[PDB]
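**Q** One letter stands for each residue in the lines below.
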Amino acid sequence: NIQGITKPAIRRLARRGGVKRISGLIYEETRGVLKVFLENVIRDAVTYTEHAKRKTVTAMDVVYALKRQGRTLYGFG
Amino acid sequence: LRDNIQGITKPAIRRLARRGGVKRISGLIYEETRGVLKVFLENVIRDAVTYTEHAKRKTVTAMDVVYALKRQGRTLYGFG
Amino acid sequence: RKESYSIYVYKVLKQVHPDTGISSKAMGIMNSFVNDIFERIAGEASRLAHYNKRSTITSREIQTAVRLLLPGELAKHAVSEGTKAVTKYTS
Amino acid sequence: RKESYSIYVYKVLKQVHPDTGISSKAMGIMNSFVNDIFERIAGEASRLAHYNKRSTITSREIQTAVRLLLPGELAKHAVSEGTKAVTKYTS
Amino acid sequence: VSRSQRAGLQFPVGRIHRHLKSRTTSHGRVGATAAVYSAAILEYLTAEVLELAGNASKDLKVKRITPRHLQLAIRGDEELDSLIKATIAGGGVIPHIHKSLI
Amino acid sequence: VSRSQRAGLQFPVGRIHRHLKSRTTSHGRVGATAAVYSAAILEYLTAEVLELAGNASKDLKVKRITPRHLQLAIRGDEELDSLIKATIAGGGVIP
Amino acid sequence: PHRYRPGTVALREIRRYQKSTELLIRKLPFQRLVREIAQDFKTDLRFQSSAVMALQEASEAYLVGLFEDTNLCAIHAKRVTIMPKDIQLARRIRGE
Amino acid sequence: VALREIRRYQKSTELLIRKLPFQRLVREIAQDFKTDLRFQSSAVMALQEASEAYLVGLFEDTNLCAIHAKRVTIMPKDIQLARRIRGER
DNA sequence: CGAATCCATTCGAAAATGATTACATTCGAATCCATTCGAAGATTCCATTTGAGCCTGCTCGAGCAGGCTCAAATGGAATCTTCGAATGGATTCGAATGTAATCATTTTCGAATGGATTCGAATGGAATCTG
DNA sequence: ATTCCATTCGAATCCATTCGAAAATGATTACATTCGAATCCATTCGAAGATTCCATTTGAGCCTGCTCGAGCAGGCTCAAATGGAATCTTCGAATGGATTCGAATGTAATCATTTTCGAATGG
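Residue numbers (the entry's author numbering), protein chains in the order written: chain B, 25 to 101; chain F, 22 to 101; chain H, 33 to 123; chain D, 33 to 123; chain G, 17 to 118; chain C, 17 to 111; chain A, 38 to 133; chain E, 46 to 134.
Keep in mind the hints are simulated off the structure, nothing from the lab.
Every residue, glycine too, gets a C-beta built ideally from N, C-alpha and C.
Do not take every clue at face value.
From the structure, some residues in chain E lie toward chain F, with a derived Cβ separation under 7 Å [as the list claims (entries may be wrong)]: (1) 88; (2) 99; (3) 109; (4) 130; (5) 134.
For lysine to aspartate or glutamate, the following EDC-like pairs were computed, each having C-alpha atoms within a straight-line distance of at most 16 Å [as the list claims (entries may be wrong)]: (6) 101/G / 81/E; (7) 31/F / 63/F; (8) 79/B / 81/A; (9) 122/E / 106/E; (10) 44/F / 133/E.
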């Protein structure tokens with residue numbers, strides 16, 4: 025399902041980042057980086073959910089995990 | 022006390038660079054190194070003096086420096 | 033029931049800009065900002081009280097925590113505002 | 033008088049390496065390391081207890097705190113050790 | 017005769033006292049003049065951020081504040097940028113293009 | 017019979033219980049097995065670090081342990097390096 | 038046959054995507070990816086929508102910052118094209 | 046001879062800056078925050094250790110940046126880039 | 001060879017036992033939201049191929065700036081001496097915070113709408129690639 | 001001469017500011033008692049001098065390796081057009097799991113004794 029993050033989406037993210045020219049092997053590197061980041065965050069989100077004896081992942085577990093990682097987020101609680 | 026930043030001589034910077042793994046060094050590196058060292062020292066000493074002043078003391082101890090370092094994220098082991 | 037900081041944020045906004053409004057998402061962001069800053073100050077004050085083998089938290093601890101946490105040219109004005117408020121409250 | 037973890041560190045060292053000594057500076061390093069880890073675990077456990085609207089700290093909070101902080105295989109091993117101790121304590 | 021009116025503020029003093037008393041470890045007391053200091057600090061910071069955001073909004077000929085204006089106001093000031101390192105949901109990035117790319 | 021002897025440990029359980037009780041906010045209670053869990057974790061980590069440092073000392077033909085050995089042991093392991101990011105006064109650098 | 042020289046439309050999209058504030062990845066593929074990744078930790082989970090949206094916002098911000106650092110590294114070596122080595126150097130210096 | 050110095054200074058553990066000049070610099074810097082101050086030897090030692098570790102790490106990152114651009118000589122550009130990516134300035 | 005590591009010891013500070021209460025956590029029900037699931041449709045993004053010019057990598061000549069050697073002088077180390085500056089501990093006391101009742105606010109949640117805010121056009125104001 | 005875009009008019013649409021009801025919860029008065037100032041006194045401890053060998057630093061010269069600029073060729077990313085997938089929107093039953101409210105237990109904190117232990121000092 026990692027192939028659902030297409031090449032034009034990476035081009036748009038690069039453009040917002042300020043990149044004028046892009047190589048041809050950037051996309052796979054970006055996909056790997058994104059997968060690693062997502063795994064790291066989701067691990068802690070699920071740990072927080074399991075401690076509370078629940079089966080539904082809420083927004084506050086994600087907020088707490090992001091704050092733990094050092095990536096505080098404003099707007100969701 | 023004036024112009025004490027020039028006591029960080031060229032050989033000392035060369036030794037630190039050698040331990041860092043540097044083969045060749047430009048001639049304009051020393052001024053940049055002195056500037057960055059001054060900034061680092063100023064921040065840490067400011068925090069240490071704040072910690073000392075809160076306790077109504079006149080002597081700067083090792084624990085003030087340890088706490089000031091831990092505040093920035095530069096934890097140090099072996100001094101307190 | 034649930035408590036928040038919306039009333040006071042709206043009061044301050046109407047105090048500084050009497051003809052400008054706010055939205056709901058900006059209100060949520062402001063609430064998060066206030067909660068975060070409060071948690072930081074409280075934690076630093078507790079640690080400062082613990083270091084000197086004390087039990088009570090006073091305005092000295094708050095002043096030192098503000099001096100340690102806020103960047104320069106913001107610590108001076110904040111300390112001035114707090115000192116003025118305490119002096120007015122006492123008298 | 034002041035407290036320290038010197039006796040227990042020496043006992044553990046005599047358990048692992050029965051013929052090796054340890055200097056004073058390494059002892060100071062180990063004391064600092066132990067204090068750091070203990071403070072981290074205690075803080076995380078307090079936060080976990082607060083998030084769930086509870087007042088008692090139990091072994092479940094310690095287990096979850098260990099799971100959050102320690103990386104990879106370490107955490108797994110640590111958990112096992114702790115569990116064993118509890119089973120030997122209650123019986 | 018509320019304590020906030022006596023101090024001359026808008027943020028509460030009793031509620032801040034109640035909140036401070038719940039995070040003081042064990043057997044920890046809280047003085048009555050710590051709440052005044054904390055309320056004054058919070059009000060000052062809020063007023064600063066709101067003023068900058070209102071100026072940024074008025075520069076664009078609109079009559080409301082949105083997270084975009086909050087991000088624009090925060091990232092344009094050095095002290096506020098240094099103090100706040102969180103992610104504002106709905107702000108984007110400040111436009112900037114390198115000289116060698118044009 | 018001490019609680020540590022019942023649990024089979026070397027680190028203290030009563031002292032750790034007393035230390036944990038002085039961190040709970042306002043009226044906060046602490047169980048009796050939280051101390052046992054904490055003592056077990058601390059003892060395990062200490063034993064691992066000491067074992068690695070002793071192996072390094074045996075490699076370097078020294079009977080004693082110095083901060084150089086601790087730095088070598090800590091920086092040579094992936095998880096120990098990940099967990100410990102502090103500065104050891106007297107270690108140097110890894111070649 | 039009107040044509041644009043290579044490099045103008047790139048600047049046009051740079052301005053267009055730096056002026057806006059929306060999200061750039063589609064929602065359904067990201068939701069599917071999140072579910073597949075999370076199924077390796079616990080079976081039969083459920084997700085609030087807000088959790089997925091928070092994850093998407095964080096991911097997008099992370100990628101934009103990483104690309105800014107990559108562009109800096111590419112400019113250092115006297116180039117305008119970004120390559121995998123720039124990403125590797127930026128991530129190595131940042132501590133990741 | 047440049048590699049011999051690297052091999053010699055990577056194996057040792059002592060300090061590389063002289064003690065008296067560093068102590069004088071520390072006192073001169075601290076003069077700006079409070080007059081008529083006193084120090085302990087432990088405070089100066091802790092400051093020296095921290096400073097040396099910081100400089101060595103910075104020089105490692107600088108060497109990486111210099112190698113990226115196909116060179117062996119380090120310049121101020123590399124220091125500026127390393128401090129910019131770390132988010133120090 | 002000597003600067004450090006290890007063992008003997010007496011005593012206060014602190015941990016283990018035993019009742020006793022309350023306080024907090026556990027074990028059924030009963031709504032009732034809110035997440036998973038299935039189906040149909042207009043269209044807007046996305047995937048693939050063709051043409052081509054601009055950016056990247058490599059070679060060669062030229063300058064330039066860093067490392068290596070040597071002699072002379074300098075400023076950091078190293079070992080007492082004086083002292084006078086500053087912590088640290090005891091013992092009152094005086095300032096200040098918590099606890100218990102009793103109101104009288106004050107803040108939170110659920111409807112009502114007039115205005116600031118999205119689509120849909122619009123032609124003026126550039127921006128551009130070819131002459 | 002061909003496209004593209006900040007900025008300005010309609011238009012149904014959306015939403016932020018008022019307005020009421022009522023349940024927490026501050027604010028006042030009167031004890032009780034922790035807790036932190038305020039003086040005095042011991043002693044470590046940090047600062048300022050004096051006196052040298054000897055190691056470390058600093059100019060001065062030489063020259064070779066390293067970085068820089070220019071002319072070329074080939075690798076390769078961009079721009080445009082045509083089919084064709086698949087996300088987005090809306091609707092509707094079927095289903096699962098948080099959340100609140102009573103009762104019945106499990107367990108941790110608080111005194112009163114007794115006793116084991118580890119921190120400081122020598123050797």
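**Q** Closer than 7 Å between Cβ atoms is the bar; does residue 88/E clear it against chain F? Give me holds or violated.
**A** holds (5 Å)
**Q** Taking 16 Å as the top limit, are the C-alpha atoms of residue 101/G and residue 81/E close enough?
**A** Not OK: residue 101/G and residue 81/E at ~37 Å, beyond 16 Å, violated.
**Q** With a cut-off of 7 Å on the beta carbons, see whether residue 130/E makes it to chain F.
**A** It is violated, given that the least Cβ distance between residue 130/E and chain F is near 15 Å, above 7 Å.
**Q** Assess, step by step, whether the Cα of residue 122/E is no farther than 16 Å from the Cα of residue 106/E, and give holds or violated.
**A** Holds, at about 12 Å.
**Q** Assess, step by step, whether the Cα of residue 44/F is no farther than 16 Å from the Cα of residue 133/E, and give holds or violated.
**A** With Cα atoms ~25 Å apart, residue 44/F and residue 133/E exceed 16 Å; violated.
**Q** Residue 31/F and residue 63/F were given as a pair; does the straight-line alpha-carbon distance stay at or below 16 Å?
**A** violated (21 Å)
**Q** Given residue 134/E as an interface hint, is the shortest Cβ-Cβ distance to chain F below 7 Å?
**A** Hint on residue 134/E: violated, closest Cβ of chain F at ~9 Å, above 7 Å.
**Q** Is it true that the CA of residue 79/B sits at most 16 Å from the CA of residue 81/A?
**A** Judged against 16 Å, a Cα distance of about 8 Å means the pair holds.
**Q** Given residue 99/E as an interface hint, is the shortest Cβ-Cβ distance to chain F below 7 Å?
**A** holds (6 Å)
**Q** Can you verify the interface hint for residue 109/E: is its Cβ closer than 7 Å to any Cβ in chain F?
**A** violated (9 Å)
In the structure shown, a violation is registered for the earlier hints numbered 3, 4, 5, 6, 7 and 10, in ascending order.
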